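Construct the complete structure from the given sequences, taking the supplied hints into account.
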Amino acid sequence: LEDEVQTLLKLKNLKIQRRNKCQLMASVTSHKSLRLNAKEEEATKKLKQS
Amino acid sequence: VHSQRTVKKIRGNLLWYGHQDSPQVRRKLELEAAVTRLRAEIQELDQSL
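Line order of the protein sequences matches chains C and E.
First residue of the first sequence? That's 102 in the authors' numbering, and the numbers climb one at a time after it.
First residue of the second sequence? That's 50 in the authors' numbering, and the numbers climb one at a time after it.
Honestly, the hints are just simulated from the structure, not real lab data.
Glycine residues also receive a C-beta, built at the ideal position from the N, C-alpha and C atoms.
Keep in mind that a hint or two might mislead.
From the derived model, a few chain C residues whose C-beta atoms are all more than 12 angstroms from chain E [as the list claims (entries may be wrong)]: (1) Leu102; (2) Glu103; (3) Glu105; (4) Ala144.
For each label pair, taking beta carbons as the anchor points, the in silico distance ranges come out as [claimed, not checked]: (5) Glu141(C) - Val84(E): 45 to 55 angstroms; (6) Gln92(E) - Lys122(C): 15 to 25 angstroms; (7) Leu102(C) - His68(E): 18 to 28 angstroms; (8) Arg119(C) - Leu64(E): 20 to 30 angstroms; (9) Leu112(C) - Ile59(E): 40 to 50 angstroms; (10) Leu115(C) - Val84(E): 51 to 61 angstroms.
Right under this line is the structure:
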C-alpha cells in the first residue's frame, strides 16, 4: 500500500514537473501565435498603402 | 461481580472495539483513504491538464 502511495506520489511529482513545463509551452505557443498575428499587419498595410 | 450476560456484554464490547480501535486498523484505513485521495488527485490533475 505504501509502494502504491509513493508510486502515485512520484507520478504526481512528475505531473507537476511537467505542469510547469506546460505553463512554459502555453507561454511560448501564445507568444508565437501573437507573433504571427503581428506578422499579419505588415501584409495588411502592404495591401493598403501600396 | 455481575450477571453472566453483563460479563459477556462487557467482554464482547471491549474485545470487538479494541480490535476495531487498534492503531494498526486505523493506519490501514488511513492508507486506503490515502490511496483514494491519491487517485482522486490523479483524476483532478488530469482534468486540469
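Okay, the hints, checked on the actual structure:
{"no.": "1", "hint": "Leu102", "verdict": "violated, 5 angstroms"}
{"no.": "2", "hint": "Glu103", "verdict": "violated, 7 angstroms"}
{"no.": "3", "hint": "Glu105", "verdict": "violated, 6 angstroms"}
{"no.": "4", "hint": "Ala144", "verdict": "holds, 36 angstroms"}
{"no.": "5", "hint": "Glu141(C) - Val84(E): 45 to 55 angstroms", "verdict": "holds, 52 angstroms"}
{"no.": "6", "hint": "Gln92(E) - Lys122(C): 15 to 25 angstroms", "verdict": "holds, 21 angstroms"}
{"no.": "7", "hint": "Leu102(C) - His68(E): 18 to 28 angstroms", "verdict": "holds, 20 angstroms"}
{"no.": "8", "hint": "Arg119(C) - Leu64(E): 20 to 30 angstroms", "verdict": "violated, 51 angstroms"}
{"no.": "9", "hint": "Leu112(C) - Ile59(E): 40 to 50 angstroms", "verdict": "holds, 48 angstroms"}
{"no.": "10", "hint": "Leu115(C) - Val84(E): 51 to 61 angstroms", "verdict": "violated, 18 angstroms"}
When each numbered hint is compared with the structure, violations occur for hints 1, 2, 3, 8, 10.
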